[PDB]
Structures are given as structure tokens and as C-alpha cells.
Amino acid sequence: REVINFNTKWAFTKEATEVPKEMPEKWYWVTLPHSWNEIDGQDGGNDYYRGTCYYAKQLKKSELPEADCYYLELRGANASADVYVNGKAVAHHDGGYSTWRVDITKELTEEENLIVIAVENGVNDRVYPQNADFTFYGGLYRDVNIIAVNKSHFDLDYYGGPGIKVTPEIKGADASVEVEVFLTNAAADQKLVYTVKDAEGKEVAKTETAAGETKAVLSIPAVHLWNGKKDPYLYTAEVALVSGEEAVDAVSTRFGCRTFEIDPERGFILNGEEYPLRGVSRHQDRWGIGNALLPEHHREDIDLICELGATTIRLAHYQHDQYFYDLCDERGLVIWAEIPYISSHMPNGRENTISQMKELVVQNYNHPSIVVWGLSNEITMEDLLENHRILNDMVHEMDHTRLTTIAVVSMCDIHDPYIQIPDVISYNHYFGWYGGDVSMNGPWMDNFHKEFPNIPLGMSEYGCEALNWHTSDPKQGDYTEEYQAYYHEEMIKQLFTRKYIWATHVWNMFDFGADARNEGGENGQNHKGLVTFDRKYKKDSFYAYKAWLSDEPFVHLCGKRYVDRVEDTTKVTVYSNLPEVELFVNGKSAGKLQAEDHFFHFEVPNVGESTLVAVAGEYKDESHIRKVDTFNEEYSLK
Amino acid sequence: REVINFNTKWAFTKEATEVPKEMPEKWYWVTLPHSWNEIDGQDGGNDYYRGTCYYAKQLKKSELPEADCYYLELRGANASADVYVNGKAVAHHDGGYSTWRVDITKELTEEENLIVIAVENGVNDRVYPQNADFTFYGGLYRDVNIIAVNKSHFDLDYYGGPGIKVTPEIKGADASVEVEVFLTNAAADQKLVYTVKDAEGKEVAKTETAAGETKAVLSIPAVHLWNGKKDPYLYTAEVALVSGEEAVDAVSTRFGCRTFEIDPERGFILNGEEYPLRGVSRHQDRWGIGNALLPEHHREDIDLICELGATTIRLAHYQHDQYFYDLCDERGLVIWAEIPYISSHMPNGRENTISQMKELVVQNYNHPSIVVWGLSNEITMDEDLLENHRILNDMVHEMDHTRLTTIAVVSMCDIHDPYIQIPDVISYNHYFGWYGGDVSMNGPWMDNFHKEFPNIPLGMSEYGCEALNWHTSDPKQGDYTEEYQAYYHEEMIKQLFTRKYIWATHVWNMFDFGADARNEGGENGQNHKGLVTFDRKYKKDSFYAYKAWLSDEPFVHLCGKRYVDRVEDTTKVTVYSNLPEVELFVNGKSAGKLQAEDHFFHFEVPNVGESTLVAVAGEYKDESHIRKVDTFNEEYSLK
Amino acid sequence: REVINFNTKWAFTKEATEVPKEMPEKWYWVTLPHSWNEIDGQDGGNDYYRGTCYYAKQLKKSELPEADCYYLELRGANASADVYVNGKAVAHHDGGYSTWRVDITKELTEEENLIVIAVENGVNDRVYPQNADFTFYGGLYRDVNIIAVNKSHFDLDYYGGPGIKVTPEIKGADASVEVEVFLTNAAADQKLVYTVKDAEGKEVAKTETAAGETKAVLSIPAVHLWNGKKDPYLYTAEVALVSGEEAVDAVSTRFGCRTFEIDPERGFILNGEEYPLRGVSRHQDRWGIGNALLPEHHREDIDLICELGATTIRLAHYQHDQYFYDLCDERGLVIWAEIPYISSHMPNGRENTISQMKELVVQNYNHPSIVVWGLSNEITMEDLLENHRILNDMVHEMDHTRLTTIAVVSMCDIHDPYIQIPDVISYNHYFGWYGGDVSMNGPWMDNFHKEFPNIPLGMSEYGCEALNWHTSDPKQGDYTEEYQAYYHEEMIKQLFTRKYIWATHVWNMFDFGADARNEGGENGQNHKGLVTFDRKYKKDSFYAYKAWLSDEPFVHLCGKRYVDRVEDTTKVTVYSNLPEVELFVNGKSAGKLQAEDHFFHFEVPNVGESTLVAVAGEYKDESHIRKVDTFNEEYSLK
Ligand SMILES: Cc1cc2nc3c(=O)[nH]c(=O)nc-3n(C[C@H](O)[C@H](O)[C@H](O)COP(=O)(O)O)c2cc1C
Ligand SMILES: Cc1cc2nc3c(=O)[nH]c(=O)nc-3n(C[C@H](O)[C@H](O)[C@H](O)COP(=O)(O)O)c2cc1C
Ligand SMILES: Cc1cc2nc3c(=O)[nH]c(=O)nc-3n(C[C@H](O)[C@H](O)[C@H](O)COP(=O)(O)O)c2cc1C
Ligand SMILES: [Ca+2]
Ligand SMILES: [Ca+2]
Ligand SMILES: [Ca+2]
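Residue numbers (the authors' numbering), protein chains in the order written: chain B, 1 to 178, 180 to 382, 388 to 644; chain A, 1 to 178, 180 to 382, 387 to 644; chain C, 1 to 178, 180 to 382, 388 to 644.
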């Protein structure tokens, strides 16, 4: 079994109205990952190009390996896509966030075969998402592969799944692992070899059945538990299909062995031990390249998330890339995954919710980092309830090892009956950013918990917009770095001290692309990130969370970009996971503070040009301010 | 004077019928820098799209600052371009490598003005280059700006120049600096305020004239000499055009104060002291983006070149970006600049040679890193050709009394050819040891020319060898291995760096680069003679041969880290280092110490099982790994 | 509005080093019209100088009448040109055959302004023509003018057009004429006075509007139709731009009122009546002077074409002079005009086809002689099809009053897709000259008309080379005058008898410059003319056409240059449009013939020196022959 990368140099246009009969010669050349909205969907006006575009590329049999079957594998085509080979329709897909495949073998008539793929991201009442606060970046934004396999092979045609499914039960200090596989055109002549390898490639269990016995239970004694960031231990199930003595096809996945519970009062439980889920959400895009992410971009996103110290990520609002989920497995992050069933219930979208959800569970069942499947987000912003029951029952029938969840819009009456459908729920609240006061958040959650004490309640969104604006009068709607620091300061104090809230997710870890937005001085993005869209600047609110969640010791001065201050006595905030901070102004000491909540609020003289140095143990940070007569108007959006 | 960036979100297409009258809605969005050959001109076949493509963008007056005139400035449009404003042609330019500008004030008759730029890189007998070993990447591959200035302003119309020309003369410990300025629509009552600033922005000289006097001489006592890598000291010159009491327009440029000679026997001399020119060449492109380079890409290229330690760069084969030349001035690099008069003399290309060279000199006269202007490269690959060189050479001497002319001569050209006698200095492009012959021929070939022409300063403007991820224990010309390219450059270093009369040496090339007609070595569309790969991510072993000879950063580098599986029971392991002595350790036990005066430490090492290799010199270390196999890993072999 | 002649005494060089700062003193003096290819492009070897050349001339403000604007107008600069005023580039143009203009007022800052025009006719992949059987004569080969106008004036900046567009419609005995006008810098308080005048200069229509209303529909009572040679009646539209009581600028154009059809069975129709189009093509060059043609040369060419009696001219292969098209209007000739989209489709050439077609239509819209626009000639000798669909739509968009056509190479398959694009098509067939046999032509045409009964079909080229060689045994490839006359006798009998062939065009009316030609014993020329290159000799084939097409009575003795003949009894052809011819040999009747097809084939005793007299009524011609023992090898090319 060989996987041939098929990314290089496709022909591309928006300007075509029929599949071309022969390879286009005047189209634009792209190499995948590619989106045609990387610019016009990150800059405002809600005007990014939505419609049908064409990708063409020749497949040459001469350049292919010898095998009995050839699959086209698409890891992401947003949103709807039509595959052609030599002018003939061979596959159609709705769902921009999941893998799908088509055997093209019988169509490779020639030595030079024309693959046309049409991708459409327009408006319809049929394919989710249709209404949401993010760009539906069009195109082949994830890899396209060719898969050459033997006539008999592990299944490639069931909802883009790996062809292999792994389920551990923890029995004491051992574990039994069910490794089920799926085959296409097998012969009872053939055998199957199930192997589990440990972290060292060292074979720890093996067994051999017939090709008609497509399931096996292996034992793993003294099992190393997948225990989050403490020890994200991954095994590897591998299964070979052997014709006589020759392994003729194989497949594999990593997997972790753990148990978990989501307790209405104790919060999240991991392998029998409380393991609070405090974390962030992440969109799969980046400034300048739309959603056409490279492996390095995924690596960098999880690195920064790891530096902050999150224990959970909510991967909203759709299926993310398999590599990103793998990273979550290796690092021991606890993941919420969901489908883009969002904002506004479309009665004709029922089919597309079921097929994206099926794809989400089948393709992601083996990732030990995933614990909840999300049915919908803000969907109320009876047909709706049926759509939810159907999804809730299908997930519970596909996956006995995980629970279901929803994210609820802020205004939804808590007695809405759809809240009673999933196993757990979370609310998306913006008290103190979009209306209200930040102090309202704790009392709201408490009130829900009193009313529904046996429903585990999380916070799946909360956030506050921030760009390079500054003030000594931080308020809701000024968009300043300083007001956003305070908002997260207050949210951390309220939420991180409520054990019953089973998971919190900052909205959002990064600024992200949303072409309909036109606010804050920079249009086409949501600026509720802790980090900017290009991942180059970490806002002060990043270091408030780090102070609570990282054990790596640090000290961070807030306000570095706020230099020209008017007041004679200015406020200087310092974050540190160390217990005591001392701040110096021009070598003169403005006092010592011990903040057990890690937020050190100093009052400091503002005269002339001053350098500030905060000192906590062996660690230090440094910033500078300047006294001025008038507010530096560059600091102000208004 | 305000500079508005104008790069964001153009509509682009290759297959447009006519100049569009409304903002297109189905074209492809690009943000400049952009080249449409970023993929098809880096991958082989000599088939990159060459033709006319359109860029379209709206200019809204509501966004422009209030100003008397607005100029469209193009830093790079390859190769020929036409500019339309609300459908009317206002400008045409031939020359893909220089700045040109056009006043579009009169055509901004609407609140939204359609700005359309047609760009062409097709085949023709008139615009250089046409015949050369690199891709002619089409597009607006450098910045496009809008320049808003007062009705009286420093000249924006003379061959894309800055409007200011600085000429220092060194007199003992002091400097005399002539500053000349060029005006458009200036009034006899305006003044010119000339200032020279220190490296810290401190004013050190100041003078004034009436606008009718567009020259001034300012004194710099106790001048800080621009002295190469030792002290790349730069001043700034500022001239403001003043109406009554107010500056209505201002231009500035940095500059450095230095003298040099190119002595036929002692080589390059800088400020009276011998200053050997030992370096590389660099193309202005990069894997994946064609020649659509960002400032960080220019900074990375020069960082890598500085790390190697080159004292000179040959910026072949055309005018590079202003930011790269500034970087050279700041870092103390000595530069050869040239025009794309290349391979084959086109009789109808003469006007364009004149044009590009005028733009080359006018736009770059202020850069202290530049010491020679190159007229042509390998042009003989005949009387009309000779006259083209006389004219270029006399025009350059006419325009710039402070630099020398040079050429780059193709390997086979007879040394008695008449055109070698035309410029002030010459260099040859030789590949003995790569295109046939043997690496030992170079040194003596240079010695023989030197014997024949003892008064012609002679350099090596190209030499090099191809290398990809292929490996061998029997390196040979044409296996394309990393090891043979390493041997080749060791031997060139030994021959070239010990002959002081070779006034400048330039490895062809610092980086792998785009050449769509190349189809060899296992990866097509690239010349792989680089010391560093096309994406800048991998420094080949030959890079460290040069670092060991030219850098003062202490290091120790293990060669052959990618040649892991070896058949031989005892294997050669080369270390490069600028330290005096290296010790090699094999799975923790010493295989001995060596002291290589030419910095090339050749160890012989037992190859059994899997082995970890550690080389140690002082407090610096490097690590590699090999392992023993019974048959050659056919993945190391190009065949 | 004053037009100043600016042809006088330009400095010129072929060495294009740089634009000279001062007026030169050792270049060569030329008065335009001028081509530097006048000798080296008419003599063989395909070696005429192609490259960049400079023209330099001083413009002195004192010699200019006072006016607000000064435009340089160039009627023809072949092929690509740049204009400089005092070293400053002010215009660029690609297209050797059309008018282009540039406002240069702002650059007339000295009292002696140096005008430099760089003209280039080299090889590239972008500017047509590049591949064709004719010399691309470089230079300022048509007038250059200075046009001095008032600040407000009719448009001089739009594709070189006249500024006035005149569309006659007809219904019944009257005509209605729409006059549209286009203004630069007009002011609201200005007026437009429109007038239509008689052939005798008497006003027939008048009306006033405001400068903002730039269209007017004037009516001509009892209009005299433009009816071809029978009555080439021309009106004149004039429109004046008035400030107060003062005309500050005026433009005008002659025009003709006429309808026409191209019926696929009935052929060409003009004002309801069948009007058969039988004629010739004409290249814009002349022996000795290249294409640097004077008005007297245009007049003599058209006189010779009228004497022959053609009803149509195909003005191949490019836009001709305005003065030639005016003659065509004045004499009632029906014109085919075309752009040099020729021989071989260039992918980089699209833009230049568009620009030349725009200029062609904009500048020639008013010419009543012109009925068809030609898109291309032998262009096949998919990007091609798109290129033709763009041209076809653009012309149909710009000109609702004329049809589109093409000229198809001989071997092009009749089912080819591009033949379906234009309104009408024609072929270039040379059966009987470039292989084949002259009898094939008519039947070939019959096949097409059978295969495509409603695509009007014409013959855009057909011809046969002829120089001063002679024979009593005419065979294709002897280049004799006698074979060419036989060829044309047979082509007339086949073509002129098929009503459904909407237009026939002899290739060519005159021998013309083609520097790559090296045949027939005089290189540098295509010798397929009916008339020689210096317009001095009418070949016998000229008279075969005249006998069918002219109403002036005449008798023409063929073979006058074939004096020495070996045979005792020799063939003597007489052409005449009179019914009957008697031929006398030394005063003795050698026979009386009537010939319906006007081709009088006599046989005659050849004894001694003989004088021949051909007699029809009161009309005679005379010639001489001589009996010789052996063939005069001076009559023989080989
Ligand atoms: C995580 C997971 C992965 C699965 N993968 C496959 C597969 O790759 N091939 C297959 O044939 N069935 C696979 N199945 C089995 C189907 O879910 C099961 O057969 C289903 O009940 C019948 O599907 P159907 O209604 O489409 O016929 C998988 C099931 C789960 C839960
Ligand atoms: C480095 C340099 C820069 C110059 N810049 C300008 C300029 O910006 N504006 C101007 O009007 N003349 C400028 N000149 C003056 C021109 O050289 C002058 O017009 C000359 O006479 C024209 O010859 P050329 O075509 O060879 O440049 C400059 C000259 C030099 C050497
Ligand atoms: C025969 C003809 C002559 C024309 N002359 C002019 C003209 O002189 N000035 C002008 O502005 N437009 C002229 N137009 C065209 C219309 O005014 C045109 O729609 C508009 O001005 C520009 O359209 P474009 O994008 O095709 O250039 C002419 C059109 C035709 C068909
Ligand atoms: Ca947008
Ligand atoms: Ca290519
Ligand atoms: Ca000739």
C-alpha cells in the first residue's frame, strides 16, 4: 500500500463554466493546500468569492506504482465538490471538512488522464455551514492523495474512515483492546495479523485470525494509560492482510488507553482523577493563506496552545485536520470535536448534518484525545429537536466510549427542551463584552447549576475583542488590549474556581478570518484571539492564562505597547505564576506584591521617560513608559 | 511627500481580452509582490507561461492624502508593462528590473479610478534578457507605490532615480561630499537645504542654496570611512525644497565614504589597504514564490551570505531590489551590479541595453557597496557587439567617474578577443571540473591569462558545480553528489584564495535557483550549483568549506550527515572548521586528532554497525551518524 | 481647428542607440511619407532591415497658430512606435496601420521642442503581422500632422477616431440619419449645431442641441441612395461646438445611405437589387518607395481598378489609408477591410488583434463603401476559436450595420469549427497555380455550397504568377503571361457564372513587395498581379477581366510582348466586350469570331514579320509577330 501525494500544480479558475475536455493551458497554477479566498475572505465586506471553480491536473499511469486499485483521496474540499476523470462524473460530496474517496481504476483508460475537480462554496439551504461568524474558504485546502492498493484491501469506501477501529477497556491495571477492521473484496484464503506496539515500537501483543474474522481482542498488561499532558502515552495497532505468506495490504492507527467521566459537580475526570479542562478554541485558518494550512502551521498553533498551558481545545466549528488531532493525541490535550450545524436550523440540512457527523465519528474514532462529540452550536439563535435526537442516537450507536454535547447561544432560555437531549452542554456567554458586566458570568453559571444540578455545564465560548489600541480607561467596546486583559482576569477568577464547570474554552486562541466583520479598525477578522491572526504577537491576555496554567516560571509586564501615558500615576499590571513580584521604576522600587490569583496590579509614578523592570525570583521582564501632556490619539480607535 | 503602499489585492488574470472598463469580479486576487511563474517556471520543461497578463485595482481619492501630484511607482515589472488609468494609456516600460514612475494626477478624474497594468514577458528580439539560464518570471514582483508630492518636488521622472546624487571625495582624514539634486517645476524663489547626518542621526554639516543652484559641497571632518565588513559606516544626506519657511518636498539617501582600486597584481584595495574579494553570486528568486520576494527573504539571503563570510556578492544578472543593495551597504559587502546583456548579442536589443544601464547607474549611484558596473555576461556565446560595448562603457564612464566597468566572459572565449580590452576590469566564468575538464585546471588557466595580460585585473565571476541529495564514496564529475561538489570547492578554494592577483571570486551560486529549461540532476527546473538549496533550508557541505576559510565565527561542521549507509569497512569523514585542531570520536572513542591548515580535516573511520560521530574543536562540537551495509543504498545514486 | 502638415524634413537613422538630446546633424533627411524598407524589402532574400529607427524633428511654437491644445497625429507608423517630446516619452503604439494621436501641449515648454519618434518593425510574438507573404515595411510611411484645437473639442483621444459617428437608416423614399459626436472638456453652456449637406453643398438638415445631448437624428427627404458604381452619392454631416455665438470647433465626415444583404443563394444585394461583387485585392505599396504612398498613388491605383471595372476591392491584409477608403466611397466600390490576423495564431497576440480591430472599426465606421470586416486570413495555415469569438462579438457589438467575414486557407477542412463563427466566409484557392488544376475551382465551390447552403461563400483569393516570359505551350510553373491569362479566362468562366459566390477577389490587382519571395526570375515580389509593381504594364489578364466588367468598348490584342515565335501557325487571343472581332495579318483577314465569353481565340499564319490588327466596329488594336527558326530563350525563365 502506497500513498502518492497529488498536490503539485493544478490548473485553476473561477472563469470556467464546463469541465475542460483537454488540460487547460491559460489557467492559474496552484499547488495544494489551496483556497481562493485567502485574501478576499480575510479583509471585510462579506464579499469573498463564493461559487464554483475548477481544478485540473493530468494523472499519468506511467508515473504510478503497479497495484490493482487506484483511489483518489480528498482530505478537504470546501464545500461541495464534483470529481471528473476524462470528462466523466465519478463522485460527489457535500461537506468541506472531512475525507472522502473514490476508486478511479476503471476510468484510467489512457496514459494521460484528466482529473477535473469542481469545488463550490455558494449559498444554499442544504449544506452546513450557511450562517456563521467565519469565512467558508473555498477550494482544495487540504491534501489530495492517490491511493494504490491490492484488489483485496482494508476498506477505503466507508465515509473516509481508516478501515480500522480500536476500542480499549481498562480492566484494572491491564487493558483489553478490540481492534476491528473492514475489508473490500477479501478471500477466505487470506489471514489477518493484529499487532499492538508500545511506545518503543516493541511488539506487545499479537494474534492471527482468518480474513472472515474481522475483529480481535488483544490484551495489554500493566498498560500505560493515556493520562493527558501528564503522560500522553500512545500505542499502535497494526493489522496486516496476508495472502499466503505475503502481506498484501496493511493499515494502522495510534491510540491511547484511558477512561473518563464528566461529573455534574466534580467536573472532568480522567482515569479516576479530577483533571480540570481549562482551555481554548482554535479555527483552522491563518492570515494570508485562508485555511490552506501546512503541517508547520498546525505544529505552531499547538505549540503556542501548549505554552499557554491549555488542557482542552474546542475544535470549532467543524471537523479539523487529521494531523491536528494527532498532535492533540501526542501532547495529551482533551478535545471537543463538532460538525458545522450552526446558528440557524435548516430543515433541508438534515441529511448533511447526518453525513458530516458520521464522517466525523468514523474518521476520528481512534483519537484518544477526543472525548465529546458536538451536535450543534448556537442552533436556536420540533423539526430542530428531531434533527438533534437523530444525531444524538446515531452518535450513541456509533460510539459507546464518548459523550455528546452542544454549545448553546447566550440568550437561549435554559428550559428549552433541546438542552435535555445531549449528555452534557456548554453555554456561549459574552457578559462584559457584548452587553452585561463581566461580573455576571459566575452568578449565571451558578443559577444554571442550581436549576439543573445533574447536567454538567461548561463554558464553550467567552471572549472579548482586542487590537493594538490602548487606554487608561478600559471599557467594553474600546477594543483595547488593556480592557481584554481585565476581562480575562475576571473570567479566570470566576470560572477557574468553579469546579462544577466541566470545561472552559476561550473564544478564541487566535484572531481568525470572518469576512462579514467590519469592526475594531481591521475588517474581515474576529479579534477575540489571545494571539493575532499571523501568530506573531501574543496579547497580554495570553499571559494571564499562562500564569494559571503553565508550571514554566515567568514574569510578564502588561502594557508594553502602551508607552505614552498622560496620567501622573499610571497603572502597571504584571502576570506571574511566581508568588511575589517587585517592580522597579528607573531603578527605584514601587513596592512588592503577593497575588495568589497571579495578577499583580501596581500603581507607579509617571514622570519623564521611565523603564520598568518586574522581578520575581530568578525571573524578570522589562518595559518602558513616557509621560505626556495629551493622549496619544494613535492609541485610540475612536 | 508621502509614500502610499499600493500592493494589496489586485485582480489578476492571464486570459483577458481587453483592458477592462469595470473592476473585474472573477479574476484571481493577488497581493504584490507577485509573479505568475512561481510554479511553472521552477519545475522544468521550459514551458513557463510567457505572455501578457493584467493587474487591475481601484484607486479611490477618499483614501489619498491631499496633494498636488500623484505618481504611480513600479519597483519591478518583468519584463515590459503598460499602465492605464480609467482606460487611457499613460506609460510604457521595457526592462523588468528597474524602477519607473508616471504622474497620473491628470487621469484621476473620478472618485474610483480603475488602474490597470498590463505586464508581458514574451519572446522578442528587442528586450533583454531573451537567452539565459534562468526563468524570466513575469509580473509585478516588486512593490507598487503611489507618491503624493507638492507641485514643486524632487525629480521623479528621470529614469526612476531618487532625485539625489551623493559623491564623496576623501581628503586625508576628512571628506568632501558633493550632493546634487534634480527639480521638477521649481520656482526661482525656493531654497534647498542640504544636511548630512551621522550614524546616530546627528547633523554634521548643513548648507543652503537657491533652487536654481542644484549642487552643494558639504564637509565631513574626521570622516568615518565605509570600510567593508570591518566598519560599514553610513551617513545620510537630506535635501529639502523650501518655499518661504516650509519644506514642501524632501529626499534623502544614505551613503558611505570610501576609495578603492582594483590593482592587477595586489587584487582589490579598499581605503588604501588590501581587501580580498572572496564571495558568491545570488539570484533574486526563491522556491515557491518565483521572484516575488519579501523584505524578510532579502534579509535571510544576506544573513546566510554573511554567515558564510563572503566579502563580495555578484548580483547577477540584472538590477536587484533597492532593499538588497541597502542591506549590502549596511553589512559592508562589496558588490558587482550588472544589466541582463547576456549570452547572445541582439542587434535590435541595443536601445534596451542603453536604457537598462542608464537606470542601473542612475538608480544605484548612491550605494557605497557597488564598485563595478557589469556591461554583459558571456555575450560571445563581431563589430556590432563591439560597438555596443564601447557605447555602454563610455556612457558608464560618462555618468559615473568613481567606479569601474567589468564584463563576465564565457569559458571558451579566446583571451585575445578584442572586447576583453574594452572595460576597465574583466572576469571569466569557468567550469573546469564540472563541464568536463578537471578542477585543477582553473588556477593555471588564470595564471596563463595573468601572464599574457599582466595589467588587466582578472577575477573569477562564475565557478561552481551541481549538487543535490545524492551521495557516494567515489565522488566523480557528473554524479551530482554532495561529496563531489564539496571536493570541487575545496580545490577551487585552495587554487583561488591563494592567488592575490585574482581581484574577485564569485561562487556560482550562493543558492539553487529557478531555470525552467534545466532538466537534469533528478529535479527539473533548477540550477543546483548552489551552496544552499532553493528554499534556503539546507546548507550543503560546500557552504562550510567556505565558512571555514572566510568566517571568524568559531564552528566545527561534520560533512556527509545525509550519507548514512556505507558499504566500506573504513570510511572517509571530513570535518570543516576555522579552529586549529579537531578530534573525531566514534561511538565515544577517539579516532584521533588532526590539524588542517587549509581547514579541511579528512579522517578515516571504522564503519561497523551503527555509529555516532562527534567532532570536537575547543568548546565546539558537531554530531553525525553512519551505519554499515552490505550493498550500496541505491537511493543515494542518481542512476 | 487647424491641421498642420508635419511631414517636412525629419532626421532619420537606423542606429538606435539613444534618444538624442539635441537635433542631429549627420543623420539622413527624409520627408514623410517614408519607409526605410523601400529598397531592401522589395528585392529578395528575406533580409530587409527590421529593428528600431529614430525620426527627429523640431517643433517651433512660433510657427504654430495659437490654440489651447496641440495633438500629434500619426496616420501610420509600422509597426510599433514611441513618441518623445523634449526627451520625455508621451505615447506608445503597437499597430502599423491605424491612426493614433497624443496630446503634447504640456511638453511644449521650449521654443524649439525636439520631437523624436522611435519606430520598430522587428520580430516578436505579440504584434501582428509576424508571419505573412508581404514585406512589413518599417517607418512613418503615412502623414504625421499637428492638430491644434480649442480647450473644448471633439474627441481626438479615442482609438484615433474622427469624433463623429454617422448611421443612416432607410425606410421608403426618405432617410433618417443618426449623428453621434464625442466631446473632450466641453462645458454645459455650449451647443452642438448639426448639419447635413447635399452633394452640391446645400444644407438638407439642421438642428441644435446642448453639448450634453451628443446624439441627433436628422432626416433626409427624398434621399439619393449610395448605389455602388451606378450612383455613389455622398452626403456630408458636420457638427459644430458653439460657445455663445461662436463655433469653437467643428468636425465632419462624408457618408452614404444604403442597405445591403449577403444572400447565400442570390449573392450580394445592394438597395434591394442584386449587385454582383466581382473584383480584386490591393496591397498598399509600390515599386521604388515601399508603402510610402502619395495621394497620386492612391488615385492611380483606383483609376486602374475602375478601368478594369471591379465592383469590389478586398483591402488586404490590414487597415488602408483613409484617403484610399474615401476614393472607394467616391467611386462606389464595395470594400472588404480586415486586420493582419494572419497565417499563424499567436497566443500572446490576442491584445493586438483587439486593438487593431477597435481602431479599424472606430476609424472606418463612416465609410459607406465598407460592408464587411475581416477577422483573419489563413489563420489555420481553441485559443484561436476564443480569439475569433471575441473579435466577432466585439465588431457585432460596435457595428450593427455590417457583417463579419474570414479568409480561409486552401486546405482548411470545410467542417472546421472556426468557419461557423463569422456571418460570411471566403476561401483562398490556387488550384491551377500551387498544384492542382484550374478546372477544380468551380466544383470545389459547388461542394461547399452543397455542404453549407446558407453560409454565404466567396473567393477571397485566387491567382497565378506572371512575369515577362512567353510560350506557345502554357503550363503552370512557366511564369508566362500566356499561362496566367488562360488561368484567369478559366477562373472567370467558373466563378462569374455562379450567382451564389457573394464576392470574388483576384489575388492580386498589382504585383507587390514580398522580400522572402525568390522565384520567377525577379526576387522580392509576388508577381500574381494583373498589373506590374510600378503600375506601368497591364498584363493581358487585366483585359480578360475588363472585357467582362467594363462598359467602355475596347479591343485588346494579347501577346504583344511575344514577338518571336517558331511555329508556322500561331495562337492569337483577343479580349473585347464587343460581340465580334475580325483579325488581319498583313492586311489579310485571318478570321471573324463572335465570342459570348469575350475570349477570342484566333489562329494565324506566321511568316516573315507580320502586323496584326484586331477590329470590332470602330475599335482596333495592333501588335506584331515574327517567324523564327528557334525559340527565343529570352522568352524562357529556365
Ligand atoms: C468508528 C467506525 C468505523 C467504521 N468503519 C467502517 C469501515 O471502514 N468500513 C465498513 O464497511 N464499515 C465500517 N463501520 C461499520 C458501520 O458503522 C456499520 O456497519 C453500520 O451499522 C452499517 O452501515 P450502513 O447502514 O451504511 O450499511 C464503522 C463503524 C464505526 C463505529
Ligand atoms: C547618477 C546620476 C543621476 C542623475 N539623476 C538625474 C535626475 O534625477 N534628474 C535629471 O534631470 N537628471 C539626472 N542626471 C543627469 C543626466 O545624466 C543628464 O540628463 C544627461 O545629460 C543625460 O544623459 P543620459 O541619457 O546618459 O542620462 C543624473 C546623472 C547621474 C550620473
Ligand atoms: C464608430 C464608433 C465611434 C466611437 N467614437 C467614440 C469617441 O470618439 N469617443 C468616445 O469616448 N467613445 C466613442 N465610441 C464608443 C462609446 O462611446 C463607448 O461605449 C465608450 O465611450 C467607451 O467604451 P470602451 O470601453 O469600449 O472603450 C465610439 C463607438 C463607435 C462604435
Ligand atoms: Ca472580503
Ligand atoms: Ca515549467
Ligand atoms: Ca531584400
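Take these hints with a grain of salt, some might be off.
Using 20 Å as the maximum straight-line C-alpha spacing, the simulated PhoX-like pairs for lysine-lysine come out as follows [claimed, not checked]: (1) C:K106 x A:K106; (2) C:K566 x A:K88; (3) C:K106 x A:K151; (4) A:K106 x C:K88; (5) A:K88 x C:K106; (6) A:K207 x A:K230.
Pulled a few chain A residues facing chain C out of the computed Cβ check, cut under 10 Å [to be verified]: (7) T17; (8) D47; (9) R50; (10) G51; (11) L391; (12) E392.
Treat the hints as calculated values from the structure; they're not laboratory data. Ideal placement from N, C-alpha and C gives every residue a C-beta, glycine not left out.
*Regarding the hint that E392 of chain A lies at the interface with chain C, is the smallest CB-CB distance below 10 Å?*
9 Å, holds
*asked:* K106 of chain A and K88 of chain C were given as a pair; does the straight-line alpha-carbon distance stay at or below 20 Å?
replied: Given that 20 Å is the threshold and the Cα spacing comes to 16 Å, the pair holds.
_Restraint: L391 of chain A near chain C, CB-CB cut 10 Å. Satisfied or not?_
Result: violated, 14 Å to nearest chain C Cβ.
_Checking one constraint from the list: CA of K88 of chain A to CA of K106 of chain C, max 20 Å. Satisfied?_
17 Å, holds
*Go through the hint on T17 of chain A and say holds or violated, using the shortest Cβ distance to chain C against 10 Å.*
Holds, because the Cβ-Cβ distance from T17 of chain A to chain C comes to roughly 5 Å (cut-off 10 Å).
*Is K106 of chain C close enough to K106 of chain A, meaning Cα to Cα at most 20 Å?*
Answer holds: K106 of chain C to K106 of chain A is near 11 Å, not above 20 Å.
_Satisfaction of the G51 of chain A interface hint, Cβ to chain C closer than 10 Å_ = Given a least distance of 4 Å, the restraint on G51 of chain A holds.
*asked:* Hint check: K106 of chain C vs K151 of chain A, CA-CA at most 20 Å. Holds or violated?
replied: 14 Å, holds
*Quickly compare the C-alpha distance for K207 of chain A and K230 of chain A to 20 Å and report which way the hint goes.*
29 Å, violated
*Go through the hint on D47 of chain A and say holds or violated, using the shortest Cβ distance to chain C against 10 Å.*
12 Å, violated
_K566 of chain C and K88 of chain A were given as a pair; does the straight-line alpha-carbon distance stay at or below 20 Å?_
The given pair, whose Cα atoms are some 59 Å apart, is violated under the 20 Å limit.
*Would you check whether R50 of chain A satisfies its interface hint, that is, whether its CB is within less than 10 Å of any CB in chain C?*
7 Å, holds
When each numbered hint is compared with the structure, violations occur for hints 2, 6, 8, 11.
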